[PDB]
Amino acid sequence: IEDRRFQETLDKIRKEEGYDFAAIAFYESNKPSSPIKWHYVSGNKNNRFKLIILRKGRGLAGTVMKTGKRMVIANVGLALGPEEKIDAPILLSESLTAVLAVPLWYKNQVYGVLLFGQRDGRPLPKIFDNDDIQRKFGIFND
């Protein structure tokens, strides 16, 4: 899709799927040492996410960017240690208690990571299978 649609589609999907929060991360630049940052957000409580710097292979977005595998964390407090909590600062800046992170694809590469989150102990609305993934979030792929 055109770059000029990412925000609108992100917001609509967040609301359809019933999440408190959504975001999308990409590499900050084409420089070799580029970090990964959270480029778009929706349902965010503040702007501190703009300070977050993720090194390659680290946090939620780094791991999904690397592995090609979605991550489902039903409960942050139970599923993650404090070392993992630290690699994923969006958890802290947005007070997220559950999350779903999905890779977005371009010619078999992961070019971005799409994150959905809940606050206040609200559960994930549903755990999607591979086909629902593709159907609901395939708009972001080619």
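Positions refer to the first chain, counted from 1. Definition used throughout: the rigid core is the maximal C-alpha set that superposes within 1.5 Å between two forms. Shifts are known only where both forms have a C-alpha. First, how it differs from the form deposited in another entry.
- Relative to the superposed core, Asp129 undergoes a Cα shift of 2 Å or more between these two forms.
- Considering only residues present in both forms and aligning them on the rigid core, one finds runs of three or more residues with C-alpha shifts of 2 angstroms or more between these two forms at 2 to 4, 81 to 84, 126 to 136.
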The other form holds:
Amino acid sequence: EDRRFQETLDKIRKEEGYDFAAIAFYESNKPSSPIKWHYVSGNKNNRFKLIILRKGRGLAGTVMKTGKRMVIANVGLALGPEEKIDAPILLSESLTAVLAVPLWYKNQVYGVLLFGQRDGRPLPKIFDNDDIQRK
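Can I have the other form now, the form deposited in another entry, not the form deposited in one PDB entry?
Excluded here are partners and other molecules; the one chain stands alone.
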């Protein structure tokens, strides 16, 4: 699905030092549309395709709603096992740290770019909106 998104995601994930990256967007242009993880890079499995999110729910839904990045430097401490179910990509990809940033176009949030670490690897660097526009 537009190979440019996939290839760019793969390049950026690796250049930024991440074990995983994902982009979430609305599933369709219908008013009831949920949000889905449309593109992933460094994924262990394809279960991300089973995830259905709503505005305000999970990492992607919360960022879309608030327009604010979410940073979790250590998942095991910050959330523990029970809260992970609210942000199911953390379960399917065993993410131990995450940086989720809004994707803006003309002052609207259209998507969420998620960077994830596994195995306790720390986040290398936290990006701003300005930084992500310098993508």
